[PDB]
Amino acid sequence: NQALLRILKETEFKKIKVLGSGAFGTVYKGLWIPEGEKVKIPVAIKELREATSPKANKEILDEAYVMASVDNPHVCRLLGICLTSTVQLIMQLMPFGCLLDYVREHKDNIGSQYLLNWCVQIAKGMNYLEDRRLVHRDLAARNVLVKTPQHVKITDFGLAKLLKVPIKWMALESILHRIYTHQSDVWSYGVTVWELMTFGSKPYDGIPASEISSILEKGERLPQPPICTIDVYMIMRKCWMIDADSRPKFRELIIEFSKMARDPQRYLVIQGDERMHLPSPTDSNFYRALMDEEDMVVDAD
Amino acid sequence: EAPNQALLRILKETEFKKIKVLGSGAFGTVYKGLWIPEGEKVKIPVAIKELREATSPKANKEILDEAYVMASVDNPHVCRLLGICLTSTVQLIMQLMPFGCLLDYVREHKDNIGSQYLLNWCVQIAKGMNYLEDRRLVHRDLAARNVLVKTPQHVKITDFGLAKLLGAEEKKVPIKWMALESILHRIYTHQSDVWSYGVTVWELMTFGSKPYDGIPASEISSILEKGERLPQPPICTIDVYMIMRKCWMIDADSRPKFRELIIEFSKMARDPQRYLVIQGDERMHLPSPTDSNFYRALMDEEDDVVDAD
Ligand SMILES: CN1CCN(c2ccc(Nc3ncc4nc(Nc5ccccc5)n(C5CCCCC5)c4n3)cc2)CC1
Ligand SMILES: CN1CCN(c2ccc(Nc3ncc4nc(Nc5ccccc5)n(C5CCCCC5)c4n3)cc2)CC1
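Chains as they are written, first to last, in UniProt numbering: chain A, 700 to 862, 875 to 1007, 1010 to 1014; chain B, 697 to 867, 875 to 1006, 1009 to 1014.
Because the hints were derived from the structure by calculation, they are not lab data. Take the hints with a grain of salt, since some may be wrong.
[Claimed, not checked] Residues of chain B clear of chain A, computed beta-carbon distances all greater than 12 Å:
(1) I706
(2) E746
(3) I789
(4) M790
(5) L883
(6) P936
(7) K970
(8) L1001
[Stated by the list, open to error] Distance ranges between label pairs, derived from CB positions:
(9) A:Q935 / B:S991: 47 to 55 Å
(10) B:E711 / A:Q935: 36 to 44 Å
(11) B:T785 / A:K713: 35 to 43 Å
(12) A:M987 / B:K739: 20 to 28 Å
(13) B:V717 / A:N756: 42 to 50 Å
(14) B:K739 / A:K713: 16 to 24 Å
(15) A:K714 / B:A702: 50 to 58 Å
(16) A:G721 / B:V980: 50 to 58 Å
By construction, the Cβ of each residue, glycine as well, lies at the ideal position given by its N, Cα and C atoms.
Build the full structure now, drawing on both the sequences and the hints.
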């Protein structure tokens, strides 16, 4: 459905500051000016890194439409595109920024309930892509966005297809043969979950990328996170099985994490966890009106 | 109820900072403000209205019960009160709308506004008021100034319950928007809200013309008593003007009910050209599906519009 993607002229928006960057490109906080209107509306703009092996414009657009069609509460939807000399992608700007940064910032101060819920939400997002026969190919903590602390969405879907390689998040078959599948995504999902539990620790730190395929073949895997019970780590371990069909399906993951969300304290052992706050209804209603109006969580009991 | 307790957020002064004044009103002064959630680095833009001291005042608990009622409203076309800070000055916190009030917008865009927009705005405002009437609530101050634009396609009534909470001295009062019974005896009812709706529709059709310009506020009851009314706008057909005329009938029960208005204005929207005459109207048309989709994603994720047959 083309109605979903809006092509924009350069004049109708401006980049005002840099938010970050990736292997893919640079991201800017931008302002959209509706023509004939006096408002400026904040957006996030990614200007694509320039185009080694440039693809036909029609191909870019077809990929954009698919990108534009994503309709789930936990997957970011591509809103607009401006293509000139350069390709620029427009999406909603999220004040909280990315999940990897958010966990680092609140490093030991995050409650077990938030963490398990995030795992559920990402899995729900991934499940949606699988239903649609779509492979993200680059799931990572940096590519999850915080709409509100209680709501997160996967971003950057389609980009990897659109254009270094993230070896440390990759499935062994993908590293070896460039094979990408939902199951490979499952592998990345496990790594992403490992990032959350360790509060944004870098995976395989101190081990170079070239060594990584070799460590994996040996049977080495990321270590059990300090807050994680065996019940959680095992799911991660399963995600990293060599035989891909052996790895869990995204649907199963939603259930396991949801069950855990019901009794977070049993699953995650975090210092001061009792002290930590999981969001009140009054607080939740305030958050929704201000930031998160859209349709969309598991609580202890 | 518990549900009520949840809807209104008690705010500390530490929680928010006022940054800029968006305007001033009889009720108070309005600022674009930033909310900082505890333990967070983000600042969230919000609208804070800081209340002018009430005509003879009420206890905070009294203030609070009324605030719970305001936080209570849950309709697409009525602004809901998100939060309150009562520590010193009374401050009301609500969602910030970039487009601003509808009255300024029509004034700004008078050359560029289509029939489809105008009729739809009437449907939406009537819908919101009908919702308040169902809740057994009287706004008491309807005016174009008190309607906010979420997006050009979507509008919301604001400032509900302020009049009652604030009061007014007998000795700033929206006389020209008021029903005669309200002016003379200070009777306020849904039927009086209906009269205001008539004036608000007038404000829109004339594109922000002041009502009764050149007539003193003091003279207003008399001119009305004589059967004087606001003139028919050039754009408006007789069928529209008559509806406005019904709204200003002296007998309250004779006046239209909001549900009736919703239906009638809704019918009109289906054939917009028939009911209003605007030069270049075919150029001025509702946003296409692509623009509509974009707009909603950026600004309007909540919750229709009636389009031509
Ligand atoms: C020192 N900090 C740095 C982080 N920061 C911040 C960063 C991002 C946001 N919000 C936001 N919103 C939407 C985004 N969409 C993409 N990504 C993206 C991908 C494809 C198309 C459009 C955007 N991003 C990226 C996510 C990775 C890190 C850079 C911003 C986005 N980021 C709010 C605050 C505030 C200052
Ligand atoms: C020279 N002008 C200055 C004004 N301006 C502007 C002002 C407000 C907004 N948006 C916005 N949003 C929420 C509002 N909530 C109340 N009012 C309000 C009342 C009670 C509780 C909370 C808000 N307002 C009033 C609407 C009438 C004029 C003063 C701002 C609001 N207005 C957008 C643009 C554009 C440039």
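Hints, one by one, checked against the model:
Distance check for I706 of chain B against chain A: the nearest CB is about 8 Å away, which does not clear 12 Å, and the non-interface claim fails. With a cut of 12 Å on Cβ distances, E746 of chain B stays outside the contact zone with chain A, its closest approach being about 19 Å. Not every beta carbon of chain A lies more than 12 Å from that of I789 of chain B, the smallest distance being close to 9 Å; the non-interface claim is violated. For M790 of chain B, the requirement that its beta carbon stay farther than 12 Å from each beta carbon of chain A is not met, with the minimum near 8 Å.
Listed as a non-interface residue, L883 of chain B keeps its Cβ farther than 12 Å from every Cβ of chain A; the least gap is roughly 38 Å. At the 12 Å boundary, the C-beta of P936 of chain B stays outside the reach of chain A, the nearest C-beta of that chain being 23 Å off. Distance to chain A confirms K970 of chain B as a non-interface residue, since its nearest Cβ pair spans about 28 Å, more than 12 Å. Here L1001 of chain B does not stay apart from chain A, with its beta-carbon only about 6 Å from theirs, under the 12 Å limit.
Checking the proposed 47 to 55 Å range against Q935 of chain A and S991 of chain B shows it holds: the Cβ atoms sit about 54 Å from each other. In this structure, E711 of chain B and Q935 of chain A meet the distance hint of 36 to 44 Å, their C-beta atoms being roughly 39 Å apart. Between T785 of chain B and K713 of chain A the beta carbons are some 37 Å apart, a value that agrees with the proposed interval 35 to 43 Å. The supplied range of 20 to 28 Å is met by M987 of chain A and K739 of chain B, whose beta-carbon atoms lie about 23 Å from each other.
For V717 of chain B and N756 of chain A, the Cβ-Cβ distance of about 47 Å falls inside the hinted range of 42 to 50 Å, so the restraint holds. About 21 Å separates the C-beta atoms of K739 of chain B and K713 of chain A, a value consistent with the hinted range of 16 to 24 Å. Here the CB-CB span from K714 of chain A to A702 of chain B is close to 40 Å, at odds with the stated 50 to 58 Å. Between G721 of chain A and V980 of chain B, the C-beta spacing of about 54 Å keeps the proposed range 50 to 58 Å intact.
Comparing the model with each earlier hint shows violations of hints 1, 3, 4, 8, 15; every other hint is respected.
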